[PDB]
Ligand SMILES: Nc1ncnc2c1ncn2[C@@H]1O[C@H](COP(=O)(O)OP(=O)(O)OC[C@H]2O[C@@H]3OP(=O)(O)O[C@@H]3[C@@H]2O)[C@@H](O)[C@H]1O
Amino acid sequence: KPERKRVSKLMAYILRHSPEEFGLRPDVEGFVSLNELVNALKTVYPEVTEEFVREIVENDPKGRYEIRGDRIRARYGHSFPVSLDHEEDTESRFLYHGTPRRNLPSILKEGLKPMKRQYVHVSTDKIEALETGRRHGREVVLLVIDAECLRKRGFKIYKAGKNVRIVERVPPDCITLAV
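Would you output the structure of this chain only, in the form solved in complex with the named molecule?
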């Protein structure tokens, strides 16, 4: 549990935020070579192996990582531009976003913005949305989003994880409730 989480957090740093600090160059789809990631991870944790990383990918409860052959990427969460190929979510009526209550006045004025990432992240699941908001602060509000309001304004929603969804932005008129 403890060693996997540390290696998994470093993987997220490398694959979403700072591949260049380790000498890696993602392609336009966000993939790096698997052996490159293992060698990068080894300069911090020298006991990491290809099989140990493959384990983390297959057991990740959110679907954070994707392996295609000898290539690996994070599926969402990037702060550098990636051309993702996820399928569109056309079925969800409501989506959810958890956030510290202190952010609500700004969000009611501007809607949800991607901030430092490329996309706004939301969830199909209320618990997962609230647990994500709790990363940033103790007092959290659950935002309910009308997904069809989003599609009507042209902001298509993509299936990035099991429950994770990404969208360009969420205008304030599409936030129906804050709980």
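Mind giving me the form solved without the named molecule, seeing as the form solved in complex with the named molecule was just shown?
Shown below: the chain alone.
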């Protein structure tokens, strides 16, 4: 039971908080592959197996985790943006992202590409978009994102709680500048 508890706590950290310090990239719903999670756990606890994780999941008294096929997620408590139920934002016309002036040349040429995760996050609220960017640098530049542009190229936009939205990427065509 001690081994189950220390492994469980580490799964909670990986699955809710920082999958990128283990090289993992969750999908929009928060899932990573089970084999990747096992390999990640094994770097701290070499005895972990996929069968051990399945038992932790199925015996968890709180419903912390969900396995769907060969993928696994935490069901709650995330501190990075997820769309747990794949809920589409069909109504937003404009979305916003704040970029420090430093990353302006690459962002303008590339758009917003997924780096740490499988998707990028933006906001419906321009002030909240600016605040997010300030945490990443000074002299933040507002990107205005045409959501209908995004949908025309097949990028579904997902609700991720309150004003946050996620999308696989934002091509440069969908972006214009503002203060």
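Positions refer to the first chain, counted from 1.
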{"query": "Comparing forms between these two forms, the hinge position between rigid parts, one of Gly154, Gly69, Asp85, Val28", "finding": "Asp85"}
{"query": "Smaller rigid segment rotation relative to the larger between these two forms [°]", "finding": "97"}
